[PDB]
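A.B. asks: Letter by letter, the chains look like this.
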Amino acid sequence: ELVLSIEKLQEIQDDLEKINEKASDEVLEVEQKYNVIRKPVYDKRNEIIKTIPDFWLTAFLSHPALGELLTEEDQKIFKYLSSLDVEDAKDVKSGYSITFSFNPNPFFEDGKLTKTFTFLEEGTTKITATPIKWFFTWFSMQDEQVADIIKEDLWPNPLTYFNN
Amino acid sequence: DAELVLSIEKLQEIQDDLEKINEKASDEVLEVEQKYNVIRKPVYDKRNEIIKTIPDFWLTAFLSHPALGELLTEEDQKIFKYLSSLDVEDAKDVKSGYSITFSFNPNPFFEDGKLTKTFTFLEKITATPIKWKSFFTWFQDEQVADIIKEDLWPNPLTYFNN
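Protein sequences appear in the order of chains A and B.
Mapping of the first sequence onto our numbering: residues -13 to 150, in sequence order.
Mapping of the second sequence onto our numbering: residues 109 to 270, in sequence order.
Simulated from the structure, these hints should not be mistaken for laboratory data.
Be a bit skeptical, because a hint or two may be false.
[What the hints assert, rightly or not] Cβ-Cβ distance ranges computed for the label pairs, FRET-style: (1) A:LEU(-10) x B:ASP254: 42 to 52 angstroms; (2) A:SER(-9) x B:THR209: 37 to 47 angstroms; (3) A:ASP134 x B:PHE229: 21 to 31 angstroms; (4) B:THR245 x A:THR100: 16 to 26 angstroms; (5) A:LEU(-10) x B:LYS189: 40 to 50 angstroms; (6) A:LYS36 x B:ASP254: 21 to 31 angstroms; (7) A:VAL27 x B:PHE243: 44 to 54 angstroms.
[As the list claims (entries may be wrong)] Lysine-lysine pairs mimicking DSS-like chemistry, simulated, CA-CA at most 25 angstroms apart: (8) A:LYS(-6) x A:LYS8; (9) A:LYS25 x B:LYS132; (10) B:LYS143 x A:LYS79.
Note that CB positions come from ideal geometry on N, CA and C, so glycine has one too.
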């Protein structure tokens, strides 16, 4: 009468979803191995960064999007930051954290400030950050954007934005 | 400046290393794609079987899709009414390119049974010429091919049920 072959096609689509999930799992395994491979070279690059004074402030101010978020007083405060680290979860799908380490600096009583993102299986995310012991109010909503851009755009190659 | 340099250059070296590493990683990812495209070849083919039973399936999918709904003119809809099946094939590798093949039934408009539009990645778009008798102007804008490949292809039911 009425073709339920649409339901048979729904079955085929759900079947292909399993192959897609397995391929995603293998891609995640590749990225898991390579983040472990990349941890030493990033840890060594931060040593080079420490030699360059206010490297991260220059990189951020040179970046257009985050450079809009300068908040010049918060920019003078961000000049103080000792280093910047971005850690991915052991299982790369769960989440990640971004940690700004500040050597002893006024305007902030906390040495290190980090924002952690945990990914729920539905798709929504939970963003929780270290409390401030006081612009740069990103540690307290809009989207992953900031926590996103630094991870994708600035963290791998900050040098592209440094010399501009 | 005298010293501030060497440091920078060292970092450049470090950055280059990352690139190399990333390249290696990327390679493996691509391989997985290859590995699973073969795995997907039967189902997709098998999927086409079901599609042959549904009347005016791919036309309804093109129309229901918000992006490709407005691309089809009335003449293009009438031409789509005839098509038998649709196929999309990645290359033997994955970074080389892909082709989109419209297998159309005998039509009064055009004699050609199947039309293949192939994009190749040089690190090149070529179409089988129609034999006559706005979207169909396909045989710079490859998007019309990317949105078909990435969104509609894998799951046309994403915007279906109309």
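A.B. asks: Each of the hints needs a verdict: does it hold here or not?
C.D. replies: Tested hints:
Separated by about 33 angstroms at the C-beta atoms, A:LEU(-10) and B:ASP254 break the suggested range of 42 to 52 angstroms. A hinted range of 37 to 47 angstroms for the beta carbons of A:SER(-9) and B:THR209 is inconsistent with their spacing of about 23 angstroms. Separation of A:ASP134 from B:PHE229 is about 28 angstroms and conforms to the stated range, judged on CB atoms against 21 to 31 angstroms. Taking the beta carbon of each, B:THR245 and A:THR100 are about 54 angstroms apart, not inside 16 to 26 angstroms as hinted.
The hinted window of 40 to 50 angstroms between A:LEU(-10) and B:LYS189 is violated, with their beta carbons roughly 23 angstroms apart. Checked against the hint of 21 to 31 angstroms, the pair A:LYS36 and B:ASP254 fails, with Cβ atoms roughly 43 angstroms apart. Between A:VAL27 and B:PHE243 the Cβ separation comes to about 48 angstroms, which falls inside the hinted range of 44 to 54 angstroms. The straight-line distance between the Cα atoms of A:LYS(-6) and A:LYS8 is roughly 22 angstroms, inside the 25 angstroms bound, and the hint therefore holds.
For a cut-off of 25 angstroms, the pair hint linking A:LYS25 to B:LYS132 stands: about 16 angstroms separates their Cα positions. Our distance criterion of 25 angstroms between C-alpha atoms is met by B:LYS143 and A:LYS79, whose separation comes to about 22 angstroms.
Going down the numbered hints, you'll see the structure goes against 1, 2, 4, 5 and 6, while the others check out.
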